[PDB]
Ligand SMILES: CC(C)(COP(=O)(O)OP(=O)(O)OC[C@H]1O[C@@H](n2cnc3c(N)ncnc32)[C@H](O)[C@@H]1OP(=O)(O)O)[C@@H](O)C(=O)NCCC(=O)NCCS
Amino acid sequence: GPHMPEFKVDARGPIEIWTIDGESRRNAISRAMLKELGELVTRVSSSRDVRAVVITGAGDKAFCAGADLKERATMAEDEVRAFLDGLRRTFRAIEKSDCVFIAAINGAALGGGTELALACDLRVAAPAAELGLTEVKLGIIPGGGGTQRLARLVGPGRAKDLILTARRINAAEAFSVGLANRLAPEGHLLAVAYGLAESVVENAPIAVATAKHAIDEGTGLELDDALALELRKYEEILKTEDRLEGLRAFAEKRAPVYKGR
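Could we see that chain alone as a structure, in the form solved in complex with this ligand?
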């Protein structure tokens, strides 16, 4: 009897699809769902097996309608803090993972739902996608990184527009301001997201992971410090065997085959 929506996980070798199966509450994130998401992120980040994950919502109405407001109604202040820590840890673990995370936005992504999308590396929007950080219309602020991650993508003026008005934008508006990387044709969201995952997986595993981390770890650094950080990562990747395979494959006019070492 308890309301216990959960994730479906579809494994496709180096790529997995995780679907929020919670349509009765528009794929809102409950306490137990967030615990499960964090656990799944930890486990994929301990494999080298899985190199890309697509996260999507079941159905055509909602990617994720935010935190579950029915459950939230009577949560005590410390319980709210614990939930926000779960968002923080989980979203940071997505960023720290060697795996690349793609949000396949199939419908409304509101509040925490947009925050989940912002934590991912890449975003694909279906025609029904709608994004918004609606928190101020609920009496709160974005507490899952939205006040920070949105401005990193769109700048403070557009971030203030969205966050202070709480208005919702459609897929193409999101694309045009740099919030969605791809616009999927109607009916083709998962095919587009999977193809995006394939385009990442064909590249060398450590190079993809290291480049991802170089980008995020440069956040907030002054240029000299950022360049020194990139150089440290570049020197590390020089020692991988895949780096040598890239040079050998080029010298031999053939495709490289990378092993993730």
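In this text, rigid core is short for the largest set of C-alphas that superpose within 1.5 Å between two forms. Numbering follows the first chain given and starts at 1. First, how it differs from the form solved without this ligand.
Core-based superposition between these two forms leaves all of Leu122, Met75, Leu183, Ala93 but one with CA shifts under 2 Å; the exception is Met75. For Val9, the Cα coordinates differ by under 2 angstroms between these two forms after the core has been superposed. In this overlay on the rigid core, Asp21 has a C-alpha that sits less than 2 Å away from its partner position between these two forms.
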Contents of the next structure:
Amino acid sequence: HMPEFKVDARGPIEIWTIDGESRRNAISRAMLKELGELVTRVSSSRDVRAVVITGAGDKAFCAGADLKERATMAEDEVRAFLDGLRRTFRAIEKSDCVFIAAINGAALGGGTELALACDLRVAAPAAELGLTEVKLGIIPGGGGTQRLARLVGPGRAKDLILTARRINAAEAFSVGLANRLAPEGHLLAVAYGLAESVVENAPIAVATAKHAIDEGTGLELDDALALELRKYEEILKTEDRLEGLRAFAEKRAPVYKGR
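Instead of the form solved in complex with this ligand shown above, give the structure for the form solved without this ligand, please.
What comes next is one chain alone, with no partners or other molecules.
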């Protein structure tokens, strides 16, 4: 039997491919379990500093919850699955590792909410994203309403969520939902280059800045500045910040150890 993810590990960067092309890379409980374990692994040390998540094929990044498996699941199993999915999105945000969603096709439902929980997004020409829950009488249940509004603002969020329309790669780039647009056939080359541009920077500094950004939202200005300054004073105590000064003084690339 084949694992839910193909892992292409390249030292400080890994590429995780959802190996589910025939089921539109949907989130089964087994897929979710592997995803959670991968996140826990890269979150437990500073060996891995950026992860690219993508789906197999050219049709689906991730269709969301697996509706075949849903036919085997009672109400309480559905609720426990959605709880685990929310916890996994939050683990991605709280992780010191940076997460890049390489959107190779359609994202819907939980698959869109996965892309929104990532730090950065790259869109192939076939990328599409949708939160279509209101068509079926519910709302996004894995943070999609809040995470979309925080990223594109309330007007664009209402547009997508209340009309339940899909957004294509060009519009996703124009509104900042996609940070990069990749040419035909170069999705993972672009996503990997993005990861390279992150992991040459210091891992605790990247992590701390990531968390400062996310944790400052919803605070008034002075509270948010106080939060940033606590994190600045924390990072000054690291050994890596000294290596940064030494590398700058010695006109060489820094070699950071994650301490």
